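Of the protein chains in this complex, one is absent; all others appear in place.
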């Protein structure tokens, strides 16, 4: 799994430990070992949500499996919770795109996971 | 809906009003209220199109529905037009990836848009 967050929140507002907390919580939530987990945080972005430039975030979670109705609702509660607590972004100004990747379509270490 | 534009055009060349124009024109084009529309503009990028570093853009549009043959061609005319007028990027140096998202695969406000089951 890999999680990307793009936000207009300033870099200085991203707390020490944020990437590590995302890694650990995503490990817990997806059931995948933490050595698999990639996280990517992009602050200081030029963004608007609903026409407003108040804090917001556009995110993606890719995973090989473990993507679906109830699972994605659980991920959203977890991830919105973290974005609200750590970056002070309101959950209703967050979008998260979920992608169920086929193993043949994820490259790693000179090959793929197929 | 969310629209992202990544471009090698400098930040200083992005005109006042650009994010708001994108928001408004996308609301009109998709027939969805502007309150739902997210836009993201990323200037000053290291990118090439056809091996040339002349102005170009790589974009994404995500929507739950309202994605398809004729609709996507209309979005391209709209969005290429705006990128040409506002950022002076040639339409033949723009790619836009269109994504028809399933409601169960879009998170928002602690949940997703799949509330039925």
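Labels A and B are assigned to the chains in the order they are written; within every chain, residues are numbered from 1.
Criterion: a residue touches a chain if its C-beta (ideal position, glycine included) is under 8 Å from a C-beta of that chain, and two chains touch if they have at least 3 such contacts.
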One chain isn't shown here. Among B:2, B:29, B:94 or B:104, which residue touches it?
B:94
Hidden-chain contact residue, picked from the options A:9, A:29 or A:41
A:41
In the complete assembly, which of B:31, B:33 or B:50 touches the absent chain?
B:50
Looking at A:15, A:31 or A:107, which makes contact with the chain not pictured?
A:107
Against the hidden chain, subunit A presents residues 2, 4, 11, 14, 19-20, 22-24, 34-43, 62, 99, 101, 104-112, 114
Residues on subunit B that touch the omitted chain in the whole complex?
6, 45-51, 53, 56, 58-59, 67-70, 72-73, 75-77, 79-81, 91-92, 94-100
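In this text, only the chains that are shown with their structure count from here on.
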Length of the line joining the C-alpha centres of subunit A and subunit B, rounded to whole Å
20
